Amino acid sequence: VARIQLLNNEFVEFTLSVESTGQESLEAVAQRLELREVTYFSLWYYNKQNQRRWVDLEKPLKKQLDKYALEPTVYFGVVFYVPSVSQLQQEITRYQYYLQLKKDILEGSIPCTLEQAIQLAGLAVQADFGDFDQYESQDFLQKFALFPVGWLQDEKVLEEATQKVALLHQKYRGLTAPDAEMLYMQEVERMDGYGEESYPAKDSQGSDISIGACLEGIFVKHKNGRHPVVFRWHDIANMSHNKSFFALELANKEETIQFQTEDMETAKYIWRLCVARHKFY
C-alpha cells in the first residue's frame, strides 16, 4: 500500500501492483479531482538523498519507489509551469495550480519578502475563507499557515503581519474565490524563481554551477556575482547524457556544451526532465 500526498494537505492510499505505471496513478488522481487538464501535473517522490524526483510516468511506479525512494509516498504537483495561468482553461485546473503556487510560496521555494507575503496572504485568505465578516473574529487566522516558513518568524513580527493580513482581507470583500486565486497566481507568476528547478553540477572547466529549467529554457548559474546564462528552448537542437555528463547541442554552431552532474543516474534524470520540458514548451 502506497500513499499519494495531494496539494491541499490530504492524502490517498492505494494498492501498488507490480505493473501499474506512474501514468496510471496520475490518471487516478485526476479522476479523483475531476481534473481535465492533466498535462501540467505529475507525481514526485523524495529519493534516498532526500532530493525531489519527478516520477517516470511511462514505467511501473513500484520499481521506481523500491529502487530510488525512501518511503512509498508520491506527491501530486505541477511539473510543467505555464508562463500565464490564463492559459489554464477550467476552474478545477486553476484551483489545483493555485494550491501548488501557494505551496511554492509557503515553503520558501519561490523567495518572497514579508511585504510580498502579506499581500499574497491577503488574497489567499479571501480565496480560502471568503468575506471577512462571516467570521465574527479573525482569531482563527493566528492558527493557519499564512507566511513563508512562518513558524520561524518572531512572535511580534508574526502578530503584526497577521494583523495587516486581517486588514488587507477586509479590503478584498466581494472578491470571488476564482478571482482572488487568479490575482494571487498573477503575482506569484512574476516572482523570481517561479517555474524553476535546478541541480548542482560543474561546467567543462571545473567551476561549480547550478543548472536547471526555467520558463525560457535551460539556465546556468555560476557563483561569482555575475548573471545567469539561459539557453532558450528553441536555441536547443538536442540534449544528451553519457556517464555523469549532461549535454546541450545548440542550434547556432552545432556546439555541444557538457555539464558534469553528481552521477550517471542523475545525468539521465536531468536529461529526461529537460527533454520533457523542451517538448512541453
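In this text, rigid core is short for the largest set of C-alphas that superpose within 1.5 Å between two forms. Residue numbers count along the first chain shown, from 1. Shifts are known only where both forms have a C-alpha. Compared with the form deposited in another entry:
- Here the rigid core is superposed between the two forms, and of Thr113, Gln87, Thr176, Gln134 the C-alpha of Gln134 is the only one to shift by 2 Å or more.
- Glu58: CA moves less than 2 Å between the two forms after rigid-core fitting.
- Relative to the superposed rigid core, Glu34 undergoes a CA displacement smaller than 2 Å between the two forms.
- Positional change of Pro72 between the two forms stays under 2 Å at the C-alpha, relative to the superposed core.
- In sequence order, 14-18, 133-139, 141-160, 253-255 are the runs of at least 3 residues present in both forms whose Cα atoms shift by 2 Å or more between the two forms once the core is superposed.
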Given for the second form:
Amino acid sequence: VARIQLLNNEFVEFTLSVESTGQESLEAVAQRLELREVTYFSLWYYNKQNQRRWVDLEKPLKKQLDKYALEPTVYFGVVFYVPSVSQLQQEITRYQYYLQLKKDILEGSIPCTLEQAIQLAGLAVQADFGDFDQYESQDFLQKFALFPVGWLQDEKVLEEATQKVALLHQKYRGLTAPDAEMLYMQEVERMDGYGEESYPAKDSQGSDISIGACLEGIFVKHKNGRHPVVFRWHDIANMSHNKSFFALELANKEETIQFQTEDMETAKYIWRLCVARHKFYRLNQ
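Return the form deposited in another entry of this protein as a structure block, the form deposited in one PDB entry having already been given.
Shown next is a single chain and nothing more.
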C-alpha cells in the first residue's frame, strides 16, 4: 500500500497491513536493507504545506498519511545524529548514515564553503567510484556534473574546482569505500549545522528566533546572531507544549522559557521530537 524513497533515491513499494505502525514500516525497510541498528533512523513525509515531518513511529502510519500528507510517500532517513560515527557498529549502518550526510550537504542543511565542497567531493568520489582512472575521470566530465546544478555558475571556477577534486581523487588511491566513507563522515560531523534541526518561533518578547535540537541540547538563535544560547540536555528538567507554545524548564531556574510556534500542531510536533532527542542523548551520552 506504501511508497518509500530510500537514501539511495530509489523508490520501493512496500505492502504492509492497514493499521500497521510507523515503527512496523521502519522495521520492514531495515529488514530489506539488512540494517540492524535501526534506532538512528526513521521516516518522514511532506505534510499538506510540503513541510517535512518525521512520522510518529508509535502510531498507525496510513492514518498519519491520509490526514497530514499530500501524497502517501515516506522517506528513509537519520532522525538521531551521533556525535561520533565510530559509534556506528556495522558497515551497513555506516553506509546508510553516509548517504544521509551526503544528502544533508547536497540539500544545504549543512552549509559548506567551496573549499569544503571540494575536499568532501574528493573523498566521496573515492568512496563512490573506487580508484581514480584517467579515462573514467574524463568520461565522468560528460556523463554527470560533480557539483549541484546551482552551486558554481562560473565556468572557470567550476573547471578549477573540478580539477582540484580530480587531483584529490588520485591522492586517495587505495582507500576502500568503507574507509573513504568514514573519513567523509568524520569531516561532516565537525561542520556547523551537523545534527541540527531548527524551526521558526518567537521568544517571550515577540522577537523572531530559531529554536531546535542539537548534539548538546536545545538551542535558540536570535536574528542578532550576537548571542546564541544552548540549554544543555543535563540542565533541562522538563519540556512541554500547550496550544502554540513549546516550553522548557531548567534545573537551575524557577523561570520557565516559553517559545511561541506557528501552530498547536507544530508546538506538539516540536515538543515530540525534542523529547525523543532528549531521551536519545540521555541513553547515548
